[PDB]
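**Student:** If you want the building blocks of each chain, they are given just below.
Number of protein chains: 10
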Amino acid sequence: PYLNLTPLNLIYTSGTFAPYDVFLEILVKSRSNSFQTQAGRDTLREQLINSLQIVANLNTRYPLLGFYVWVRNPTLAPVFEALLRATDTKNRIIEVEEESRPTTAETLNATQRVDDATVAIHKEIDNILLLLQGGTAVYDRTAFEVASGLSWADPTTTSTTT
Amino acid sequence: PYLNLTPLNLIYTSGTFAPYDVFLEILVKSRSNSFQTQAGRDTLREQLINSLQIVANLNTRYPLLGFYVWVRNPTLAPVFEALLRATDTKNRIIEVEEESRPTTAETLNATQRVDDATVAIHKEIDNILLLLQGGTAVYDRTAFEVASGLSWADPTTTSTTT
Amino acid sequence: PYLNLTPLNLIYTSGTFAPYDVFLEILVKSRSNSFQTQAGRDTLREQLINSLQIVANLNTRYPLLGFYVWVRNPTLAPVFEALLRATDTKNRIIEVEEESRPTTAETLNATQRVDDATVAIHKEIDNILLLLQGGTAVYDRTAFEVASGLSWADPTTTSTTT
Amino acid sequence: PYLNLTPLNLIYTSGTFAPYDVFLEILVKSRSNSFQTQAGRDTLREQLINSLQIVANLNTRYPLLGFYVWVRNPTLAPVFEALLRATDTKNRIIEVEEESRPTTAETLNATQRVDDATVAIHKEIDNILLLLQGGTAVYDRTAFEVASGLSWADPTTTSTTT
Amino acid sequence: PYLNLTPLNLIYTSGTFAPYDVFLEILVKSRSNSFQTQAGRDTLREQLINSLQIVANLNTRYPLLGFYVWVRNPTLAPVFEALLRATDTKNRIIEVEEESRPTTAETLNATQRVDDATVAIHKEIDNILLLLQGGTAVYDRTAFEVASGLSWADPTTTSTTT
Amino acid sequence: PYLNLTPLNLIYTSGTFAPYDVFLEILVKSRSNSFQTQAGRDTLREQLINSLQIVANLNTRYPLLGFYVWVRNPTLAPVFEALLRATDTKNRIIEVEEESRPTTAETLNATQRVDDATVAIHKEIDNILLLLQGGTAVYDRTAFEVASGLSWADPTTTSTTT
Amino acid sequence: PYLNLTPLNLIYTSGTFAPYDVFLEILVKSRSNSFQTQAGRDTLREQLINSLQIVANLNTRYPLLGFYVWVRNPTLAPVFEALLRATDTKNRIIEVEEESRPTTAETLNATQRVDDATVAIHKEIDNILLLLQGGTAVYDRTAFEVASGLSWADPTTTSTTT
Amino acid sequence: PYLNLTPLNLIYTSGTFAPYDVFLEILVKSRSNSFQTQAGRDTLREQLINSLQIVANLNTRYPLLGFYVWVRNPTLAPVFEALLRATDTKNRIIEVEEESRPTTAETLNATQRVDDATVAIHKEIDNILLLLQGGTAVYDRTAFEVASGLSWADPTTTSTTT
Amino acid sequence: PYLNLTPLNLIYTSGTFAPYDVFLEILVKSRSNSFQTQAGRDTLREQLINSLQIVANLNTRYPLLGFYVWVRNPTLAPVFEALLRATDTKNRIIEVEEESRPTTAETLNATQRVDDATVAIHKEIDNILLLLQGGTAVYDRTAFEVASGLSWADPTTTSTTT
Amino acid sequence: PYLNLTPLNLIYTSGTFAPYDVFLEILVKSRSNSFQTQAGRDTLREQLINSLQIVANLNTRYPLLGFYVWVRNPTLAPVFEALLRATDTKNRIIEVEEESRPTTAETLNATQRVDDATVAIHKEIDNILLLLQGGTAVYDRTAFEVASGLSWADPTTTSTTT
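Chains as they are written, first to last, in the deposited numbering: chain A, 1 to 162; chain B, 1 to 162; chain C, 1 to 162; chain D, 1 to 162; chain E, 1 to 162; chain F, 1 to 162; chain G, 1 to 162; chain H, 1 to 162; chain I, 1 to 162; chain J, 1 to 162.
This is chain A alone, in the form it adopts within the complex:
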């Protein structure tokens, strides 16, 4: 039984991980569009939140030839956790009708701040395309149990050593 130590373990054991090449290219070919559109920005999330879940938990273990990426991270974490938040604030206001209510930027929102939050998607992609472009967080399995400390139990020595 791979284990979950003490006050430090009940973190990086859970959704601090999941894949590798997913978001990687899913950061280059995700720019194959636009971020503005309730399509681009918004829909992003899950293509990447469909990639960070309870893998390598206690009643199981971390991957032989199954190295992977990490979330909760001093390199990554504040970039991961950062992007998410600027690809979803770019309005909901389309004062349209039969004749679009012309007053969007004639007396209402801070309109241009859309033009500001337009890019924060385009952006955080390469900060992490790069931080991650150099082996950060990532590791085989041997380094999981290690860079977290969580000790695996069960003497599988005869036909499956430990």
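In case anyone wonders, no lab produced these hints; they're calculated from the structure. Quick reminder that beta carbons are idealized off the backbone N, C-alpha and C, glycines included. A hint or two may mislead.
In silico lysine to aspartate or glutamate, EDC-like type, Cα no more than 20 Å apart, as pairs [stated by the list, open to error]: (1) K123(F) / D42(C); (2) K123(G) / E46(F); (3) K123(E) / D21(I); (4) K123(H) / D42(H); (5) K123(B) / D21(B); (6) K123(G) / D42(F); (7) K123(F) / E97(H).
Stretches of chain E that chain I covers, calculated by requiring three or more beta carbons in the stretch to come under 8 Å of a beta carbon on chain I [stated by the list, open to error]: (8) 18–26; (9) 29–40; (10) 53–63; (11) 109–119.
Ranges between beta-carbon positions, derived for each pair [stated by the list, open to error]: (12) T156(J) / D140(B): 32 to 42 Å; (13) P1(D) / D140(B): 42 to 52 Å; (14) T156(J) / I54(H): 27 to 37 Å; (15) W152(D) / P155(B): 26 to 36 Å.
With chain A held as given, fit chains B, C, D, E, F, G, H, I and J onto it using these hints.
**Tutor:** Only chains B, C, D, E, F, G, H, I and J this time, still in chain A's reference frame:
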């Protein structure tokens, strides 16, 4: 009978606790959306208030291999108790109709302050994603009775020691 | 006699459960239509309320090889309980006749708010298609009695152990 | 003779109670419809007022293995007593005929306020689906006589102890 | 008996799959029309929902030389699940008669927003024509049991190895 | 004596069933006409209500090689039970005579709403042609007693095992 | 002598009951027609009022292997008691003659409200087809005397125990 | 005995098939007329519903050199099943007499919507003339048992191999 | 047996191809008209979608002296896939009658945007008339198996070498 | 088996590559238009994102006579990754109608900033037309395994040396 001492105990015995991995990921995959929408912000609460209830009370006890998180907390408490409040003030005003009443931000609310309270959800998630990313409040059971002081009664020594 | 403990048990014992793969696909192939139509939105309910009933009660028990889903839930509950409510508010007004009363959106309702509540069906489907896309609430049987605490009675040890 | 003490007792002895699982699911499978319709909202009442009557009175008593729910309650009461009132104000005006009088929302009521009172049914269901989702008011019998104080009379000690 | 592991398996075992070349061309030769028409947009669904069903379940298995596509997916899922929703909101209003009620876009809907939702069909087709244009989700069989983890049972070693 | 358990059994034992291929094609070759005509819509019912009766009751049993369809169903039920109702509301008004009273849609009904209820027959046929196009409700016999739970009595072990 | 206790008993002892499978299918194969017609709606009543009479009274008792349904009910009652009333208000006006008086919906009733009360029959059938589709009110006999409390008299212990 | 497997088989075994070249040309030389006329549109059905029946069932098999077309289909199905419905809604109103009641489109139907449903026949013919113009659904026999999975029984190996 | 490799092959093997000189001139002599007309724009599609189908599949191969064009393409693809979409959005509104409803561009659509989408047909023709005017995607056969990688099987060396 | 070393390799093995002459000329003959138009700028992406995918992965290798370009690059990367982002921010605002809402640059956006983002497409093309005009990133195959370090496995020495 696990007990509830004196003027100090009738606190951390009740809803100062409940789970672990719930809100954790329920803080990462909760950002898998938007917070703006009466959906995102509002609905949040209970997904996390459905996780802080009368567990480990007097006429019962605190978990063998059942460690967990804590609310009333000098790290957590003022972040826990803080988030809740900024994911629910972002209006109720949709002066719409057949032609939306155009005057939302043409003479009425402080409109932009929505854009201010937009984020306080996105936000308090990582303050606690982090404070909690390092074993705070959390503990096995042995540390509950301890970090609260509440003494358990009943000599289960023969077949269930204490 | 599987049992129903004390003030905590008379909840998750009753309609906090029922199936698995039902609504799952009944969330993908339910979008095989439209939600607008008094057909789509409305009729939905029961296809999913015909899936959450007094199973695993006191005078009975929870399933050997019969794992299943859960309702009252900090992940699920506020999404389950949420969808239901936006697939049934999209009018009743069809001011028609021999010549349709033209005044639907010429002086009457907030018409566009139909266009707003149009989607809340399409929507809540994937929040839970996802929350549920990762094993939440769900469990074999061993975890029911557990994640609720309700202790089963009757020493079936000889030919049906416990 | 179970009794009814003094100025405090002539309350929680009467219709402050009745069942358990009734309204519970009768809150989930009651949303299996719509609340708008003079059907949904209105008809609700009794399905739940057919569940709060003179049980456990003076010339009788409160249930051995017969625990149940409570009305007059600092958790429940103002939610119980609250719902009832917003599932019955959504008009009576259907200015119809052979040609519907088109003027419903062209010069008459506050029409949209129907759209406001539409939901207060959908709503109060989960506030109490939840408050009640955690053992509130509820209790075996031993706790009735207690959390009210009403002392039971008659020494049934030989074959029915007290 | 191919199996369905634990809280993670009761997902990608069911309608997370079905075919390959179906929708592929059914995305190019589906544009051989128009999407506007209650024909185009609407009828689409099933031509593609008639392609994602309980294949490779527990009491059966996943295809020898039978590789195929996948739904619940961090690349695909939020594009799959996305398209469906914008090919079905483009009205129901054809205020016609003997003389068409001229007021469609003279005082009523947000008319142009049809012109907005006109294209979301044309659209999501290539996002996935592309994401899928490069081997995503897809896999032989060997990779199913793998990229899900679900372990197959039954020693068919003599004449059907495993 | 196949049996009828307790408060749950006195349902799916009775007219929750009957055949298979009946309505199936009786849904494709039933469209071999028109639904409008007091012929089409109306006459439908029984061709399908002549297919859902007390089969597999208590004092009898459910079919060896006799698998079949089901009514009361979270997939089917609200589609089955749904169709029936829109193939029978399309008037009774044929203000005809020697000279047809011309005023049908000149000052009377909501005429066009016939044109609305014209199709609800054509319609619900494929929702269930499809839901049912993938093995739903249906099952051999072994799964009846199961997916309902109703336990069969009588040890026919010698020459007819159980 | 089965008995009829005190102010509570002179209710559920009388026509709060009668059968089971009657109306059940008599709700599915009752839709095998139309509800509009002075036939459908009206004639309904008794097919179901010929199923709720003085059975299980005082000078008699409630059924050994004779479980059955119930009327006065917080689930059922307000649905039972509800249907009855909307299958009988759909006119009496057939201003016909040799030439039908054309003025039915040219200056007279609220004509369309027939089209409104057309369906309330079709309707209340499934609310109760469902509430009842899950064992509500229903019970063997043991639960009658119980869920009402009415105590049976007469020591039939030798050859007919009690 | 060719067989009919389990919950998946009792579909594509029955009227999901029948011929080839029938409707094909019966789609080109069917346009050799007009669709408007109660002749054209209406009479169509059976010329094509006289081509989709219980062929290749269980107690029989699927054609050696007898390849053919298919109905229930993600390409075809929603086009097949689609056409049928728009070649039969184009009225029944011919307010004629000795002098035709002139009021057809002077105050009555939505007249032009006939001109709309005029073409839906002309139409769906080529969508499927094309989808089908490229080998879809169709197959020899070897591919039936396959693309459905239904396993044939009976070792005809000596003089009729399998 | 020409083959279909692994996750990369199940793309460019299918409708990524078909002809050469078809659309080429079918781009010059297709401008021999007008694009505006429900004729020009709309009808285009298939003249070119009747030119991109399952040719060179697995159980077959790619053309000796049979070179041809390609769809899924970094030059072509986003131009191919692009044109299709702007030759089909130019209305459906011809508010005509006996006197054309004059209000087309007097209060309704964005009329001029027709004049905008008028040309997108005329247009995308030369982008690809040109990209394609220089040998792009195109290739003999030797380059298919190559620029895709899909390896052909079967040693036809004696009388048909490989 | 060409390999994927350790924390450094799980980068330049994946979409850090694909072609050569593609974008090259696809940078000169891409300027054969305009960049402004939702055509030019937007559609660009994929013509170049249809050129950077999982080629030379682990379970495969890098090209004999198959040299090619690279993305993740200190020359290229921040130019590649840069262009993409300025060919997609140039509005969505065409406040047009029957009379174009004249207020585009009369009180609304920062209009001229379109004129600023007009060119960033025209631009980044030559920075990389040049950086790339001199052999950067590019290399045969021998230099891939090298300038990344990823060691290839499998002694193909006899008939395919290594």
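**Student:** Confirm or reject each hint.
**Tutor:** Consistency of the hints with the structure:
Note on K123(F) and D42(C): the hinted pairing holds, with a Cα-Cα distance of about 16 Å set against a maximum of 20 Å. About 19 Å separates the Cα atoms of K123(G) and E46(F), which keeps this hinted pair within 20 Å; it holds. For the hint pairing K123(E) with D21(I), the CA-to-CA distance comes to about 28 Å; that exceeds 20 Å, so the pair is violated. Between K123(H) and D42(H) the alpha-carbon distance is near 15 Å, which keeps this suggested pair within the 20 Å criterion.
Proximity of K123(B) to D21(B) is assessed by CA-CA distance (about 19 Å); at most 20 Å being required, the pair is judged to hold. With a C-alpha separation of about 17 Å, the suggested pairing of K123(G) with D42(F) holds against the 20 Å cut-off. Pair hint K123(F) plus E97(H) does not hold up; C-alpha atoms about 34 Å apart against a cutoff of 20 Å. Coverage of the region 18–26 of chain E by chain I holds. Counting CB-CB distances below 8 Å, 4 residues qualify, and the rule asks for three or more.
Under a criterion of three residues with beta carbons nearer than 8 Å to beta carbons of chain I, the stated coverage of the region 29–40 of chain E is upheld, 8 such residues being counted. Remark: the region 53–63 of chain E is not confirmed as covered by chain I, as 0 of its residues place a Cβ nearer than 8 Å to a Cβ of that chain, below the required three. Under the rule that three or more residues need a Cβ within less than 8 Å of chain I, the assignment of the region 109–119 of chain E holds, with 5 such residues. Separation of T156(J) from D140(B) is about 56 Å and departs from the stated range, judged on CB atoms against 32 to 42 Å.
Restraint check, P1(D) to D140(B): a C-beta distance of roughly 51 Å satisfies the suggested window 42 to 52 Å. Look at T156(J) against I54(H): about 58 Å separates their beta carbons, and that is not inside 27 to 37 Å. Our hint of 26 to 36 Å for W152(D) and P155(B) holds, since their Cβ atoms are close to 33 Å apart.
In summary, the numbered hints that this structure violates are 3, 7, 10, 12 and 14.
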